[PDB]
Structures are given as structure tokens and as C-alpha cells.
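Every protein chain but one is kept in place in this view of the complex.
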Amino acid sequence: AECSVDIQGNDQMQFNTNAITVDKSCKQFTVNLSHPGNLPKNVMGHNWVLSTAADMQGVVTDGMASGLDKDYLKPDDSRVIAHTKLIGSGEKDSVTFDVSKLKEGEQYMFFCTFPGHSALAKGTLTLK
Amino acid sequence: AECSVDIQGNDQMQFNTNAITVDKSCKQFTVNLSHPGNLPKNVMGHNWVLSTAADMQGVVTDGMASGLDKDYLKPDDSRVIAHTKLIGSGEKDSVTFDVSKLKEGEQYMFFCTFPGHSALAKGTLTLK
Amino acid sequence: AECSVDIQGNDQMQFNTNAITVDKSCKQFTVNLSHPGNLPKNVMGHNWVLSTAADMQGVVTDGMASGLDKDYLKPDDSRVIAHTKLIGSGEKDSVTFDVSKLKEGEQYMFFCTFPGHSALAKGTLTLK
Partner (left out) sequence: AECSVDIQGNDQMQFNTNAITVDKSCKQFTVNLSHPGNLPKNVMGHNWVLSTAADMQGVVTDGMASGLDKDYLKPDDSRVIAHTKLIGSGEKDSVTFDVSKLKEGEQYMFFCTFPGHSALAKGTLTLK
């Protein structure tokens, strides 16, 4: 509530929400991710990455090839509007970003870049 | 909250939740399912089916064998605790079941049986 | 292997391959598609659509709007480099294309345009 959202990635690779509504009146928007489970980073690590539905696929392919020290994200990926760290069981991670990096008339996708998870852990973000 | 749940399945095959908690004092429990999108039942229909985590894959395999006229649920499946019918977008359906068919301790999966969707349209139900 | 590849889309909405590699010494490349399941193409149809990684989302969204009768592909779409027809279990379709249309350094993604199938029925294709 306000200009933030608390989201969870479980051991079953599913976020607890498929949709995030960003109110255009927010100057900044924060996402507080938690990985409630028992599995660790290297096996079920989850990050929350934000891209345009159109770049997502390249973000994902590239992120896969970047490894864990990279959090499965390509360093200095212009396509990545925002992201948290790859966390694991019990760790938390927040991210704050400028809402002005977002424009209406665009479809944004949030997902996780850990190899193979994007197929299940993803959703939509809209500026309304 | 209390003794009902309203859930939505959308056009990307995801349920709006992946955890349902049934209070042990509800005599009955009602699951209200709706389908937001723009897609027809034969292409993107959902149903909500409840079964033990054990029976889920057999109910899911026997379901697509049953075809669209059977809501992709074998009829009289003994492993199905409760189910709605397959709804296309624009539709809705409620199912009201007896809380005495569930034992605490035991694990339950809710899911969709439409061909290949249970891979993403699934979650857990807990008597609490 | 050679200058052609056999691909299968099944009843679970998955392709047997998620990575293809075209040898530069191939003038053309042939994709032979089949559908090893039991379901109809109005329920579980599959096509093989080739676009760049960047254009995938557009072709898919534009494609799901043109419905069945148009094989879920927007006609005369300029992002589609090559495609098959939508087939059902039991059907077949191959498409030969010009390798000269691919360029080294670009990221191509193959997918199926049927509603929701690209969630798993997708893969990368690269020149080599």
C-alpha cells in the first residue's frame, strides 16, 4: 500500500501476484521481495526484474548466460528498467525506481531470470 | 476471508492466487471463480478442481482424456474433492463443498485441468 | 543436422526442442512440424513462427487476435520471417526458408502463436 508492493517468490517458483498496478501519482515505486521457503539461492534463487513485455525475452536469454555472480542479469542491460538481487530462502531484497522511467501505452512484464523460472514466475505491471 | 474465496483465472493461464487457507470452523466453503480476459472456453477455458497433492496428476491426465464436453474432468472422479465447470472469458461459477471432506495435516492442490494449463494454473489449499 | 529439423508440438503444449542452430553453409533450412498428441487443432493447435527476439511479443499478440481461421497469425506481418500452418494431432507441415534472411549477431526466437502457447512453446534459433 502507497507506492510499494510486498511480493513473494516461493519454493514452487510462483510469485504471489501476477499483476502490479503502479499509480501514476507516485514519484518513486518500491518492491519488497521475500523468498519464503527452504531452498537456497543457487537452487531456487529469485529476483524481480522489470522490462517491457517486448524486451523480456532478450533479458531472459542474456541473463541466463551471465551466471549467479551476475544474478542472472547481463551487466548494464539497458532493457532492465529495474531489479532486486537474486535472493534465496529467507532473504529479503527491495528496489526503488522512478515512475518516470515508465510511460503509458506500454506493457511491462516483471519476472525472474534464474534459469528456467521465467516461464512460471512472471506477471504484468501497468501505470494507471 | 471467512468461508469464501473469489478467484480469477486470466488469459495467460494464471490464477490470481496460489494459496488458499480454509478455516476449520467453516461448515461449507464456497469458491467463486471468474474469467476476466477475452478468450473462449475451447481455447482458454478454466475450471477450479480440488484434490489431494497425491491425486493431482492422475486427475489431470484423466481429465484431458475426458474432453471438452466433460469439462476436462473424468466424470465421477473419486479423487476430486470439488470442482467448478470450465468457463470461457466473461463467465463465472461457484462451488460450495463440505469442510468435513478435508483433514488437517493432509495436503491439497487446487488446479485447472484444461490441456496443459495445470502446469501454471495451480496452488495449494490448507485446512487451518 | 544437415539443413532441416523435425519438431513436435504435443498435447502438453511443448516443443521437443527449445534451441535450433543454422549452419551458415546452408542456403535454405527446412522445419518439419508434426503434432504427436491426440487433441484437435481448435484445442491444441501448434504452428512454428520465426521472428527476431525483439519482435516475438508483437507477432504473438497480433497473432492471437486473428483467430483460428487465420492460424493465429496476423496476415502479411513483416516480423514473421518464416512459418508453418497451425496443425492438430496427426497433421504435418514443413516450411523451407532462405538462410540469407538471417544475420549473424541477431537473436531469433521461434514460437507458436496459439493463445498462451508461447509460454513454453518457444525457443532460440541462431546462425552458426
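First chain written, first letter: the chains are A, B and C, and each begins at residue 1.
Just so it is clear, a residue touches a chain if its C-beta (ideal position, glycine included) is under 8 Å from a C-beta of that chain, and two chains touch if they have at least 3 such contacts.
Which one touches the absent chain: B:61, B:94 or B:96?
Missing-chain contact among the listed residues: B:61.
Using the touch definition up top, pick the residue from A:5, A:33, A:120 or A:125 that touches the left-out chain.
Only one of A:5, A:33, A:120 or A:125 touches the chain omitted from view, namely A:120.
Consider the whole complex, including the chain that is not shown, and state which of A:39, A:99 or A:127 touches that chain.
In the full complex, the listed residue that touches the missing chain is A:39.
So which of C:12, C:28 or C:107 would be touching the chain we can't see?
C:12
Please output the residues of chain B touching the missing chain, sorted low to high.
Chain B touches the chain not shown through residues 53-58, 61, 119.
If you put the missing chain back, which residues of chain A would it touch?
11-13, 39, 42-44, 64, 68, 115-116, 119-120
Could I get the residues of chain C that touch the absent chain, sorted low to high?
10-12, 14, 16-19, 36-37, 120, 123
One rule holds in what follows: only the chains that are shown with their structure count from here on.
How many angstrom lie between the centres of chain A and chain C, each centre taken as the mean Cα position?
Inter-chain centre distance comes to 28 Å.
Once you find the CA centre of chain B and the CA centre of chain C, what distance in Å lies between them?
Result: the chain centres lie 32 Å from each other.
Quick check on chain A: which residues sit in contact with 2+ other chains?
Touching at least two other chains: 119.
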